[PDB]
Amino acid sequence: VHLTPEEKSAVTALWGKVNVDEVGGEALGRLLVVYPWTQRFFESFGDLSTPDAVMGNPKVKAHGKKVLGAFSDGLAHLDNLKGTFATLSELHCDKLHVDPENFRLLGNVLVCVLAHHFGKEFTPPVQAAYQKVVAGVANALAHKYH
């Protein structure tokens, strides 16, 4: 999927206002709360028993920082998302065994977290550019699954 020059500008300017550390912690916690089966991957993280436990877990906040840092560097290469996310696709499949459906779930939680933070600035057109971007990143993470 491709972005018009105008969808690209849109995306790049909102992202310039995003604290990638805090929004990554927030998106990953929401994913564990809203789709609780995603917690199967994070037995080592500790107490994930309740929404306040999950949203205040230090190890969940640190993994979100890492996941959203990688995404954030994807956004510098929207032309080449499959080469950018290729080593990571390989790891998620070969070493972590993560079903790629989880990548689409995370993508939708992140759109909700962006909405929540920017409000009126997260217009129907800016949402449409981010929906294309998160589907592209989910597709490049799944491309190299065998």
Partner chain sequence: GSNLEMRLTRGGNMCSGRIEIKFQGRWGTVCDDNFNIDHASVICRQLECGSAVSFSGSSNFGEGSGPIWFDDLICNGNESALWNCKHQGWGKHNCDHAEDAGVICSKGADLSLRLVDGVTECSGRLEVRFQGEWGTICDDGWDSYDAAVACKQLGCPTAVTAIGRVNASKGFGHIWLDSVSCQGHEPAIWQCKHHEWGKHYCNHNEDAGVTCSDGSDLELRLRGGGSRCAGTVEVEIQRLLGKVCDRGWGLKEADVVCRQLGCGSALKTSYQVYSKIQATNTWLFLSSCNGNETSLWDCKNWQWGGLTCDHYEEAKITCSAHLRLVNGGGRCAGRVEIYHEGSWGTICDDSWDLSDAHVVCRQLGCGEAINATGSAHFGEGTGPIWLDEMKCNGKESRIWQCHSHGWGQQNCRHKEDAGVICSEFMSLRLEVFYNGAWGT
Second form
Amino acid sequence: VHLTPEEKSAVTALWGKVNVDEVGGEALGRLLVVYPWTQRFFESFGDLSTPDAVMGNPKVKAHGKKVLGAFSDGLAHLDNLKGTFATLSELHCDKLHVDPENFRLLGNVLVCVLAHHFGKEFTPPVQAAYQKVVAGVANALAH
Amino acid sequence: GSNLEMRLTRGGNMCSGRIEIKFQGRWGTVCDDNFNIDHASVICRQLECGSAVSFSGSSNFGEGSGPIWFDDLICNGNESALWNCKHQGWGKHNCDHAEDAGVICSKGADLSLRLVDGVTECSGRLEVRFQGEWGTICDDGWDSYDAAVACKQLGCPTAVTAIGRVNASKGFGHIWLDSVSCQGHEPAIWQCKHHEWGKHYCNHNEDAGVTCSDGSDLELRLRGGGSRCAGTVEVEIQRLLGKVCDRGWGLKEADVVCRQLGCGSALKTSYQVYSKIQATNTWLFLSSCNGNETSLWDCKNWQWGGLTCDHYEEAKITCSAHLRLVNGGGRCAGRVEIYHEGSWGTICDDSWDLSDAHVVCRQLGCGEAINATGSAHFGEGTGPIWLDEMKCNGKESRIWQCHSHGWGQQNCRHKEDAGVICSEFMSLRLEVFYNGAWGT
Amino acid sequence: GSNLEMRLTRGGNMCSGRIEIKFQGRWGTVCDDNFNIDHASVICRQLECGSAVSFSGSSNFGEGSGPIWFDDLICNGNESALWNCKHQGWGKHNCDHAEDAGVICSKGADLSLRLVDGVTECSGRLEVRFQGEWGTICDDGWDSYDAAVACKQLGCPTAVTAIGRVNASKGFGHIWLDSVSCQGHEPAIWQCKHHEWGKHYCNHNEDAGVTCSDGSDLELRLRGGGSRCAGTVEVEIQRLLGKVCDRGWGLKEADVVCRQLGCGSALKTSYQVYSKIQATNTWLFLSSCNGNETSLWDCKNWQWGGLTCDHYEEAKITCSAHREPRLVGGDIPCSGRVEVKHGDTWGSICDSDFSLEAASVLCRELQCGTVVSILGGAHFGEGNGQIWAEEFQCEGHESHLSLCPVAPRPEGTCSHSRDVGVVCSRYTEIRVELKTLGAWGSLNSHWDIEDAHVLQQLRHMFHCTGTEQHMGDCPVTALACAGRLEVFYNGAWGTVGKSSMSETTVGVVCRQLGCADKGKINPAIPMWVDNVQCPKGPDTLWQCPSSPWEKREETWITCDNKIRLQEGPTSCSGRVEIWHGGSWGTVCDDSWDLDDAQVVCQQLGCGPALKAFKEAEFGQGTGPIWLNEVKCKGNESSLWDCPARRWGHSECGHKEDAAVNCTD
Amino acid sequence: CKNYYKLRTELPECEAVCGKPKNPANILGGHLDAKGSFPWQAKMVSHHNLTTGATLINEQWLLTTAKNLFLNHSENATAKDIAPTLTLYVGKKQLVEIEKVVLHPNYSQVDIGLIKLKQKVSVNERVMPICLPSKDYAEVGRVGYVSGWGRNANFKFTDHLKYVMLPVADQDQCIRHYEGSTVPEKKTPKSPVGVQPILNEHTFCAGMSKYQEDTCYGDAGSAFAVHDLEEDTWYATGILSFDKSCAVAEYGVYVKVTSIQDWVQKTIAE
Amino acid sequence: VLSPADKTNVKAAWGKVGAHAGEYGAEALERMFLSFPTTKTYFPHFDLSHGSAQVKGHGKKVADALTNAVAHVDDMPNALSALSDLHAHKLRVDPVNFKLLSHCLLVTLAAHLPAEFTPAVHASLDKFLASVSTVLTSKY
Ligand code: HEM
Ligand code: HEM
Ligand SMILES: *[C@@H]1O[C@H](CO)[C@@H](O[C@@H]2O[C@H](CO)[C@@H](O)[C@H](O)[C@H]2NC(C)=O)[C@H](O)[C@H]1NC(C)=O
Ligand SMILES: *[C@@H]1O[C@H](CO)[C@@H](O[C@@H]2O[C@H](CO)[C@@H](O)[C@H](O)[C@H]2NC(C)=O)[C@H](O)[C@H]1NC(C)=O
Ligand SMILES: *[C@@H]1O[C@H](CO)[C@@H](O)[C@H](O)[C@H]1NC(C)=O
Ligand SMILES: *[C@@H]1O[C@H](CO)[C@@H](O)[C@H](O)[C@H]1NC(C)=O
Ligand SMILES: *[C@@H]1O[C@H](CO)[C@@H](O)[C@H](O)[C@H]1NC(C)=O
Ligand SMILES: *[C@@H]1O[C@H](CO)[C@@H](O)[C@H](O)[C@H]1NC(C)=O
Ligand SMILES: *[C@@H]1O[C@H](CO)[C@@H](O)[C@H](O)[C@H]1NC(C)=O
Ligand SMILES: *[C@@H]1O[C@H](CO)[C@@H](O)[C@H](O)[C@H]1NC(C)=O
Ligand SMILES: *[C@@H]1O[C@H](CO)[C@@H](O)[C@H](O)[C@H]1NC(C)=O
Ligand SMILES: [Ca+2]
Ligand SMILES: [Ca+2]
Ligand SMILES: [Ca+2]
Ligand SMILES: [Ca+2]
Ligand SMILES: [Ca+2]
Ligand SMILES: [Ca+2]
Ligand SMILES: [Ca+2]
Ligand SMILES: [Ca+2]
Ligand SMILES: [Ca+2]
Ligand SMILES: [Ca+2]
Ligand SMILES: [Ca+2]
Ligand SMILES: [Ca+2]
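Form solved without the partner chain done, so how does the form deposited with the partner chain bound look?
Shown next: the complete complex, the earlier chain at its head.
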């Protein structure tokens, strides 16, 4: 569905202050900590048992940076999300066999991370806008 | 043994067809289980037929007949022969003859590219030929690099490459290519990374196109706004009319359009209608670009046609080239207003003499004072009284540093807000009123 | 037996853990069924491990392996070994391996208690040692009984045993005890009922503590409100200054605090800020106070520290003795000089800073009804003591003088010769005997049952309706402006007898006619009434006892001037004052030009005006401000004819009282 | 006869093959079933759209739970009106009509019901019955694969089939977790989830895997497929009964298929 | 499953939520209504606008229920038995809405308590909310 111009402006303004080098790593670490079965796909990233080990893993931080770059790319093309995420969806579906629900889990974890870093600035309206954003990202990245 | 002759049967030529290996004096086929591009590349290098174009496992080449030698193979790509991977046993399988795997190699491939249903020979709905069959391309992942690669492969002026089929309708048949990923240096379109041939998750509505041009036939202007630099964005590409859709269209591309027309920056995405304009089937969709570019064609990945701007609206643009004294009747006279606690406040005229007037006039730089008016001479102020009894000696440069009763400590009302008339205050009525005296 | 050996498994040390008994060369456990401290004592004594600290039976030390040996052991405590009580079989049991019984013995646990990081040797975070390592106590279920048990266990004052660590931070290490349930008499904290050692979900922010004090170093006071008992509550417990968190702080706990300080009831959970107060990081947290407690220290489970009062404010309060008024020097009950107790000291009030709103609040608070008049200039006598320089900015509807906004002034206001006096309505003084004229007379000619009902408060003809609280509110019957006194009764007019006509009666007549406060007797229809004697307090003549109506050389009176000039060298110069509404008021100077002065001068009786002064030339006046912005035309006979913002509701102050200077 | 089939005759009869998936494998958690490694798993949808699970056991029958067949039905409802209600999906989305559904005689103690299709399903790489075991693979420590069409970590019915590798747990530990103390007079409703399971001698339990992933609502009826490495055959060791152990209750209760094998054979032979 | 460390983290997090629980629950309900409009179909008689009094009261009730569950974290099926029967039979709330509300509560706690929403505490709170949702939807 189309996103309203006010929601687009709020999303872009909130994403402008997002630390690209750290927010994605935070989201990926929180995903691997809260949902431990997501650590199955990152068995090559080293120690992933302790939550401190997951959050402090340099490979997890780098992959979170890449994930957040992909989110930024999908944000720049919010209206054409299937096209920009077609290759990533194919990669996750075939080479990695990542369940589509893991994308929604990572989206919700990212929403929680954004709320955590932005405090009261993450108002219910901008949260709804980002929920639409992450739902679109997960749908475009699935099947 | 090391004497296993391998042949391809019923696939047009020697390099394309269903795999068939001769072992133990009998010819046997190969299963399609866990069959990917690595196994196809191994097969192609076995026959010295080059790279692996694709693979087929649905027995499209034809039903086989014989002992299927291989069922499951774990090939990383670099093998001296097909009989080197983890073939999980020889002859053992769980297939039937309907699961036999084919392969199409580069040397025997008849791959070709063409453009159909376009304004010129360098634009339209791109199509590719696979297994002698012409099919279209889905537009997912189809970026400007893919457009440039296709333009170079076809061969015609490719200075400006634009995605999006020009006025082209949906194709027919198969979608042989999808999610093309080119870095812009591949000699052809099939050397790029993409999905398996035939396998896709699109429909014919999303048929990818291309617009190869040298940049001399791309024109843009604003129509319907009367002036040259206000109105909807009309697009002329290869003598074809068009209008810009507002999907992914902010102010950043609007100022790019304005700069291209040469009318400063962009003000708003709206205009006052002057005349009616026609509606064109094709549209210009702008994904995103930085906004500092000197022209609209010069920023990355702008789609020209190929989609319907029905859910969205036409893109409009209108370029840039389409302490204090209050209520005193002057500058150095009026109610003495002080600021405190984020609110403007007044000073009660209790024991307000000419010393306080001198202090407040010199603090404001208005020289000395002529009068110390009371009883709200310049109107009653609207703000809590801060100072009540001013005991300034007439020499200090600030009013708040005097012997007052403290901020908020008062027993007065706003009906007696203190006011002063400094010497520098001037009034005109010919008579001029300076230094508290009227004169010619 | 003599061939059976037992051990305690998985308990940290050899004197704690699961009970395991060897029989037929197999290690087996014991059920928790009918298991109590007697079995644990028997087992601990058998192993030479001392007494039984506690017993556990839910396999808290893990689930054992092997055959359960005993199910229902009946042990009275004095047994040589576990395999000697009656039980119900050797290996017969309706048990599982989740019912393994475990014991903790005295010499294994090696328990002790101490208080760490407090303001005194008997306050702060409570720490218990279990199996050689010190651990804190979770404050869940921690109350005054637990604190009393702990304080008496450490052997130091137990007069008041509060909970909560005084200022100690979170402890480090284990948290052993949780939900300690003491009755207040156990020898130590671990003989009480509690959760099993270490089994809880408490963080170290919930460390429990005690404040063992001998009821002598607990101090409470209010600071920052300009009086002894109005302001922010500031508790001083063992030299540690702290405040009270206002979570669950209403008028009940506020009343408890006020009674503790000795200032009656609590009226407001706030105060007028007079001075700042020191910031204190420790707080007092009240759970619930009944309201009848003689002190706040007698409330139930008041923590002294140990929590954060972040999203709650300090407890503010204003007791009903901040400004507690009283009327003294008045012969009748509800009149006299105003004296207001600023916390603990009685002092008079100057007449220049007591408006009719403040007097109405005074009369209402003192259960004296409405205000009749304000008598300035020390009418009821010179008050000895001090004069409060506070100007009461009463709105007129406040229940008490304590709730009135107050604007103190630095300079002295006046001498004791200008003490304010207030006369309220309820002057009845009835106890049936009633007191008027200084005589205790006895009132049934017109005494109905409604009068008896009103007499709720505990020949005059009371007319009570049975609803008003006081007999004063009852309309009582007991019976230009210069000439013969005429009274209207039974539809006919008649004179009033001059016999026994005191000055008080003439003053009452003049005030009722609304043209003076006093009067005089002058020489000269039938006569209706005679021998009228008015007591002090009634503003009307019909509340004065007299001889009965006898329809059958009379009271010619000349009321005093409604307008007078005060604090002047002569009788035709000074601050202008007028009489209206019962009390002598003043006239503000707003647009007080020479026409107003001319009108005033020709109303006083002497000649023309000279200069109309402004801004209290002769000083601030008494009573309220009646007239302001008077637009006299210069020809009005009296000041009452000129248009103005007449009779109250004036925004002027006593500093702007107008004045005139007339010819002598 | 063709692949995925065997000839049952000493004119002849060609029947399906016991649990020999085309591509064998190696629900809150992951393990997306991308390769179609569980052909026996079937999706059962009730009238009010609660997806559940059922397991192919032969070419025409399916094992599920009586609690699954009684969704949107009265407790007194018989088996005649249950059959028209259910819609059954095998393979990708292949809808299969249900001829009749027969409940277990002791469906309050053995949570099993059989589903008989109108016609024998076409066995292929995505549809293939699992084989009823000849041994007891429910011995503690065995790891079985539990496919599932039930809810996921978001409590949303999973779009794609998933599976987990759940190891069977000690029975006494499972009853102790759900009931009280494995003895009738001390058992109490101590389930960490509100509802309590049907635990008896006919059911075993399998705990969560190493990633704290378990089976949630809708996973009931899904076979506890056990890979027998000796003969490379997949055996439905148990049918998941207590699916309400999403991640709170540590054990899912699976009714042993060996205990019900006699009854299912007597049924699969009218 | 809620480990003892997870229960400890949940208890600490809800204790430091403290008195703000009512408006935390109101904000969580508002975030659920805005982000997920499909959850508004269970409150047809509610004023669903921002700052609503009825939504604030229901959020206070929800937060009180969650506090009761935290206090009875070892006995949640009994502490939430009445709520379990309610949500499972009378309202018939689909469990996906419960997961949405759990996510919105987590977002509210992250926005209001950033210094204490550590990954371990976030995981523990998610586990506790999953346990509450499973208890409430068990009889569904
Ligand atoms: C939800 C939004 C997600 C986005 C936008 C995203 C994006 C990406 C990107 C940019 C890559 C790098 C591709 C490459 O290096 O070639 C990648 C790979 C990968 N993704 Fe995701 N991802 C998402 C979610 C997930 C989730 C939820 C999981 C697992 C539960 C996951 C698992 C992986 C793995 C294992 C890789 C390969 C890592 C490697 O090869 O070292 N991703 N994804
Ligand atoms: C952690 C999750 C939840 C908790 C702790 C919770 C708790 C509560 C509580 C305490 C009540 C009040 C019952 C009463 O006053 O009798 C209630 C009622 C209700 N709940 Fe929930 N609930 C949760 C999830 C949900 C969700 C996700 C929905 C819908 C999307 C929902 C829908 C309702 C409705 C419709 C009511 C009835 C309110 C009314 O009739 O005014 N609940 N719940
Ligand atoms: C709590 O307060 C007490 C008393 O103020 C502190 O104990 C004092 O600590 C200082 C160190 O700065 C010593 O010099 C004093 O001798 C101590 N007094 C007593 C009576 O022991 C205690 O440290 C504080 N605890 C905290 C802040 O955690
Ligand atoms: C099976 O599901 C249907 C649809 O959910 C239920 O029908 C609803 O029943 C409730 C309660 O009686 C009504 O309020 C709804 O209006 C019904 N919806 C319809 C008829 O579309 C039906 O009750 C369920 N069967 C049961 C619970 O036995
Ligand atoms: C697109 O335009 C070209 C040139 O005008 C024309 O030849 C072609 O038929 C058009 N295609 C359509 C209308 O589909
Ligand atoms: C626009 O800005 C980008 C920075 O992202 C820069 O790379 C590019 O060269 C700029 N283009 C022009 C025309 O200045
Ligand atoms: C100012 O002062 C002069 C002389 O003192 C006087 O004549 C004049 O009227 C005054 N004006 C005001 C506005 O006070
Ligand atoms: C206070 O009242 C309560 C009941 O409200 C009573 O139990 C208690 O004994 C009373 N205490 C005093 C000191 O009157
Ligand atoms: C009133 O006026 C006379 C004459 O101007 C003067 O002598 C007298 O002092 C004045 N009164 C006062 C109180 O100053
Ligand atoms: C179940 O879903 C179908 C759509 O797949 C719909 O037609 C039907 O009405 C739904 N039934 C109920 C009871 O919601
Ligand atoms: C049901 O239980 C009875 C005894 O409780 C048993 O005899 C019978 O065989 C059981 N039913 C089946 C189908 O086994
Ligand atoms: Ca195959
Ligand atoms: Ca195979
Ligand atoms: Ca597309
Ligand atoms: Ca003044
Ligand atoms: Ca001055
Ligand atoms: Ca003053
Ligand atoms: Ca027991
Ligand atoms: Ca017993
Ligand atoms: Ca506590
Ligand atoms: Ca009477
Ligand atoms: Ca004035
Ligand atoms: Ca006048």
